[PDB]
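Asker: With the sequences and hints as input, model every part of the structure.
Number of protein chains: 2
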Amino acid sequence: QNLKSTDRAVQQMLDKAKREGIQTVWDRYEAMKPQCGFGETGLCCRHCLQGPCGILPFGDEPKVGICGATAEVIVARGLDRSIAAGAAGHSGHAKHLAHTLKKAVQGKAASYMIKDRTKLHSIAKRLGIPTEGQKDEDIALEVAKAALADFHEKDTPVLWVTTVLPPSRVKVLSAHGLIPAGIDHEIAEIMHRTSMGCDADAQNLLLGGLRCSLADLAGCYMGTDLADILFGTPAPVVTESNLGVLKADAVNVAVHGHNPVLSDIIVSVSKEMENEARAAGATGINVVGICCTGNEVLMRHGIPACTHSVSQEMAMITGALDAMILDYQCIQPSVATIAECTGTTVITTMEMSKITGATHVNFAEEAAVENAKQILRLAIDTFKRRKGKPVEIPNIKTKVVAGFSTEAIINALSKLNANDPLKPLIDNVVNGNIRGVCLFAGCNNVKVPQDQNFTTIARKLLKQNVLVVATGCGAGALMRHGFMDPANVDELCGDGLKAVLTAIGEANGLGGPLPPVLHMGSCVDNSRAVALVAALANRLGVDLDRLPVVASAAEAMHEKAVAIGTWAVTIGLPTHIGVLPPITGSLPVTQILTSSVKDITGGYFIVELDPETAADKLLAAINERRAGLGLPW
Amino acid sequence: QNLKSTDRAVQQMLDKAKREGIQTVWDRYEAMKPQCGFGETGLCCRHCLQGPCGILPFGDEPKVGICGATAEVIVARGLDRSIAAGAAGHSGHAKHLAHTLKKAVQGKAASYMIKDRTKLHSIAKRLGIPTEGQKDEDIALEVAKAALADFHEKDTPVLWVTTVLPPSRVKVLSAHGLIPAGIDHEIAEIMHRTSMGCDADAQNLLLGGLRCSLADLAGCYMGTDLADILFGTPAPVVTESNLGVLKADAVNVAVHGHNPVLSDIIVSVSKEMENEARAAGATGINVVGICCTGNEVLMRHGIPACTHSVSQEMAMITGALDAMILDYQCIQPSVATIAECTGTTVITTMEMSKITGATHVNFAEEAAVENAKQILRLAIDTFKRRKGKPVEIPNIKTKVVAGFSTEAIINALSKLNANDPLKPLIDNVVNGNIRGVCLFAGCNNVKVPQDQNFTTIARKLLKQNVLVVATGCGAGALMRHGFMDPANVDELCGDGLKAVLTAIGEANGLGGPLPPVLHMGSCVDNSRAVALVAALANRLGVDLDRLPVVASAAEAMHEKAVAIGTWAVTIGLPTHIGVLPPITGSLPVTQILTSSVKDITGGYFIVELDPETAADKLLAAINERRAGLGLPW
Ligand code: SF4
Ligand code: SF4
Ligand code: FES
Ligand code: FES
Ligand SMILES: [Fe+3]
Ligand SMILES: [Fe+3]
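Quick note, the sequences are listed as chains A and A', same order. A prime marks a further copy of an entry chain.
With the first letter of the first sequence counted as 1, position 91 gets the number 94 in PDB author numbering; the numbers rise by one all the way through.
With the first letter of the second sequence counted as 1, position 517 gets the number 520 in PDB author numbering; the numbers rise by one all the way through.
It cannot be assumed that every hint is accurate.
From the structure, some residues in chain A lie toward chain A', with a derived Cβ separation under 8 Å [claimed, not checked]:
| hint | residue |
| --- | --- |
| 1 | 190 |
| 2 | 194 |
| 3 | 241 |
| 4 | 337 |
| 5 | 344 |
| 6 | 358 |
| 7 | 362 |
| 8 | 364 |
| 9 | 450 |
| 10 | 452 |
| 11 | 561 |
Read the hints as simulated data drawn from the structure, not as lab findings.
All C-beta atoms in this analysis are idealised placements derived from N, C-alpha and C, irrespective of residue type, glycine included.
Answerer: Have a look at this one:
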């Protein structure tokens, strides 16, 4: 089981699944091997009914697609389509929040409201929207109108790109025609250009991909901003993670997926439904989190995290999960089958995201609280059905400190310098206490033993004094292995990083250091690390491609992660990916994405499947940036 | 060579290619076999880095994707993505025309103008735009603003759907939530819902696909309307087709691709550049057409058609093609390689559609005429370089009567009944002279011997008195085998159809019948047959799914053809596809698309690879509609 996951509770549940004959993601992976080399390398195209076209990586024919598409064209077109799909996911998340805010301030969804008015004012000022003498409701109405308008062509380019990156960075990208014209415009234009008999030049295609990745960034940043306006900006919180956060004696309700719009309401309504759950004979309603929706309610409300990503099925294997409430993205459709063996009620709520065999509750913001009650009532019923059943929850959980938004980080730092809060952090970079900054992002991938790359690379970087922040299921992997527990700072962090974490935490009324890794939220909250990095850039006078900041999608799975890696490259970062992406069938494209892109954006991909090597390479990139600033290392 | 193409000039040029060692689409196809069964059946998914996932059509494992995606989910998601790519192509075509019209009437692109003011007024009235007391330039400005606005969410659904279908049809589609909210909105939402861990219900996914296909329809209809405003509505014209339209003694310039925006300017400017071409020693500039751009200038200006689709390379094999001017869509990137053997200058003109090895001319509407001169000058130079070279143009050409827009058809019919022009046509349906109507649409596919399905099915339907109309490369296939030559009416058409064609043509000052097949334009001008069918629906009081109208993508290749077949099904038509689409790996999805979709839209797919069988099935569907109206058959 140790080749499947490094998580001990996941191993316990894999044993139970094998005992009980429940098929798992790892079993389906085992039945899939050997996987196809054409697809694995990118050398396969189906954008034509003349296809499929396979191109051998090496040897004799076939050497070219039927229409004459070369290997680099096929590879570049495939990658471009996956960037557009990732952009479309983060896009739809943010679009739906934009509609929710619009509905809220127009009196149509009373379950929603402006919870963060300082943020609303910040965003409106950054966008050039006038605040002075305006009603909050009208400022928010303008901010939502701008959000929706960034999806199409207009007078201006995408404001959630051009107003969130330092002007020098915007000038670099715009001299290469990389500034998106509208989010959905870019997605559709990718789909156009990559269809048969269109763009057939790898450089041209990859430039389009960089532009589309920035559309994805805009969607992430939009979603973050709007969820913060709607639901509050995260501040540091203490909670727990892993399967042991489940309780045999409560109604256990997992919120799963990505959009917090419904699950924040679920969190707030379950509090009221406590008394009714307890009339059914439960101790209460125990809302836990899975994947990014879970991270949203962990960041804002301290909801404990049950599990993430490749291991989501294992929550159900305990027999104590009574409801799994989905919205969309990264939900294994297998849950709906597995529920028939475990008694969990799987509930979808989004019209475009349904799974055959799952109960559907048609969620509308205009009836949010009503929907919530209905859904939790189903959960309560399911708990009744397992009154006295034996459950096996592994008694494994870690302590998690999280809620480190960029605003929270800046406030924490301001306790060391109120008038120039980024300065303490910059000072410790300059004197070597902080070697650089590494963002861990992305998901788990069944091909990599779960969390192994995240934890190995993290361990090496922390010993070398790299400040580590994390999002999405990368945050999830690090939190389930103790990396967000301050009590591990001694074992994990080199002396200088230890000193800075201790200084900031003791200055923040915690009596202890900050945790070894700063949890910055969901996959859309990858934009938060942009806002931090951008701010450092601005405070220092230099473009992003000169900062000792790096990013690692250590176990990337989802098309969203490919779009995110591509916009970490486009805004200027060295960007490790720890899973093989479908680029190795073409040397020209690999060369562009790992080398010559440096001469356009300053970022570049680092493709490295071995995590010790990947950590060396990330440390080398950080130290190259240090030397470029004239710093020691 | 006869198993490759049924076109005699294509066979001559295949012989020359084999002689001279030039690789062709058919050779690359031969090197591709045996093709992959997973892709061919749809049972393959790469929307995850955990992939590729192959699912055996039959047998043991693998039976499910790694994430638990079933076979019908994988198949439905693949098909949905190809509908969105087709929609994105027709979408971008129409978007670019919308921007061109906007630029024209704002004084920014003087090479463009309102050429059809009657059409502009029609469109503005159909859209609810006010015409009375308005400047043309301001009406057109409103019409372009509405065009651009149909790409995103707004007060209203997509007007190029809801104002072009009969209200009963709009009510049917809207009771199923199939009315698109914005063209690019639908494309992005498909990309969202089909990415990993989202929609996992085949019915839900296929309903999304129908909605996206209607976005594609909107894009087609928009593109038609705007090109008609900008460039004139086609009226009947006489021209020629096939390779013999090339002339050894002229500068031979092929316009190739889909957007007429540049090639109409090329047509008009080459007239002036005649004298300069003839100073180089040519007889003149001979502009010929390939694929849909060619069909646009054939429809409007009588430009002769050289070739289409699977056989486009053969134009270059003559050695007499001096320039091939591309915009985008269905251009085999092989042209750019083959040009090095044939001396043709391949010129791309669109920023998102470049081919490695081709000269790029950056075309801007604001400098259209200038760009044209530059491009034709390159053509002229290339002609000089082959002064005295031997060329082999096959002396094979057919006579083509074309330009049968819906307006042209209605005018022609109005010579038999001025006050009720659809009535003569309806009368002859009712008395059996016209059995029904069949639209041939789509491309050629290297798997089908070129034009064989189009010509076989056409022959059978014409003998049974079916009125046949055609677009795109289906129009191309029928025109190159004589089906748009009135002199073949006797050999081709049954007695009643012959009588109606003779009556209309002799009433239209032609002294002969109309041609056996009505050429209605490009792939976007598939919308023209909608406008005709809709009008018949409205004139008769019945929904489209009650008319004896059918559609056949007899040799479909491009993702655009899949979107077109899907919106011919969604607006209510029996819709034959003559190439295997990637649906056979899932019986549920095949059942939905060929049977149970009848109970939603009234249309259905007819998948039939044998053309004699396909013609039987199309005749049976037409006669089923006849019986449903209570007619004889
Ligand atoms: S677009 Fe080209 S490479 Fe792709 S399937 Fe079609 S013929 Fe093959
Ligand atoms: S989305 Fe599912 S079926 Fe598709 S590649 Fe990923 S794991 Fe396999
Ligand atoms: S041949 Fe395996 S990915 Fe297509
Ligand atoms: S396995 Fe051949 S299409 Fe993927
Ligand atoms: Fe996840
Ligand atoms: Fe074509």
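Asker: Confirm or reject each hint.
Answerer: Results of checking the hints against the structure:
The closest approach between the C-beta of residue 190(A) and any C-beta of chain A' is roughly 5 Å, which is under the 8 Å cut-off, so the hint is satisfied. Hint status for residue 194(A) relative to chain A': holds, with the closest Cβ pair at about 4 Å, below 8 Å. Because the beta carbon of residue 241(A) sits about 29 Å from the nearest beta carbon in chain A', more than 8 Å, this interface hint is broken. A hinted interface residue such as residue 337(A) counts as satisfied when its beta carbon comes closer than 8 Å to some beta carbon of chain A'; here the least separation is about 3 Å, so the hint holds.
A cut of 8 Å between beta carbons decides the hint on residue 344(A): the least distance to chain A' is about 13 Å, and the hint is violated. With a least beta-carbon distance of about 4 Å to chain A', the hint placing residue 358(A) at the interface is held under the 8 Å criterion. The interface hint given for residue 362(A) is violated, since its Cβ lies 12 Å from the closest Cβ of chain A', which is over the 8 Å cut-off. The criterion of a C-beta within 8 Å of any C-beta in chain A' is not met by residue 364(A), whose closest approach is roughly 15 Å, and the hint is violated.
About 7 Å separates the beta-carbon of residue 450(A) from the nearest beta-carbon of chain A', less than 8 Å, and the hint is met. Of the supplied interface hints, the one on residue 452(A) is violated, with its beta-carbon coming no nearer than about 14 Å to a beta-carbon of chain A', more than 8 Å. At about 6 Å, the closest approach between the beta carbon of residue 561(A) and any beta carbon in chain A' falls short of 8 Å, and the interface hint on this residue holds.
Hints 3, 5, 7, 8, 10 from the earlier list are contradicted by this structure; the remaining hints agree with it.
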